[PDB]
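Chemist: As a plain string of letters, each chain reads:
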Amino acid sequence: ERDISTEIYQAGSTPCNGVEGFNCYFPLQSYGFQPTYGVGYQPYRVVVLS
Amino acid sequence: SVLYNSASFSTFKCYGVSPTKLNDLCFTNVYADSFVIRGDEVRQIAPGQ
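Residue numbers (UniProt numbering), protein chains in the order written: chain A, 465 to 514; chain D, 366 to 414.
Just so you know, these hints were derived from the structure itself, not from any lab.
A virtual CB, placed ideally from N, CA and C, is assigned to each residue, including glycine.
It is possible that part of the hints are untrue.
From the derived model, a few chain D residues whose C-beta atoms are all more than 10 Å from chain A [stated by the list, open to error]: (1) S399; (2) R403; (3) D405.
Derived DEER-like restraints, expressed as beta-carbon distance ranges [stated by the list, open to error]: (4) D:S366 to A:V510: 37 to 47 Å; (5) D:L387 to A:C488: 19 to 29 Å; (6) A:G485 to D:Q409: 17 to 27 Å; (7) A:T470 to D:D398: 38 to 48 Å; (8) A:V510 to D:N370: 33 to 43 Å; (9) A:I468 to D:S373: 34 to 44 Å; (10) A:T470 to D:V407: 26 to 36 Å; (11) A:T478 to D:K386: 37 to 47 Å; (12) D:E406 to A:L513: 49 to 59 Å.
Chain A with its partners taken away, still in its complex shape:
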C-alpha cells in the first residue's frame, strides 16, 4: 500500500503547525551527508519482483 498522504502527527498539546521546537517535531529533516563519509552507510539498490 502506498503512503503518499503526509500530515503532521499530533499526540501532545501542540499541533505542530509550523511551530517546530519546544517539544515539537517535524518528521522530514535534512541529513547533511557530505561525500567523504562512511560509504558502508551508503544506500543500496533494492528491487522487488513480485
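Given chain A's structure and the hints, the job is docking chain D onto it.
Modeler: Relative to chain A, chain D alone:
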C-alpha cells in the same frame, strides 16, 4: 494520570524510548535523583554532545 499527560505541570524534555508505551512495561528497581540543572539551559544533555 499525572505522569506524562499532566498538561499543566512543566516540560518533559526526554528522548530515546517511547514516552507512551512504557506505561505497560514493568520494572524491578526505579531510581530517583534530586540534583540541579547542568547549567546553561538544558543544552549539554544530549547523546553525542
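Chemist: Starting from the hint list further up, note which numbers the structure goes against and sort them upward.
Modeler: Hint 11 alone not satisfied by this model.
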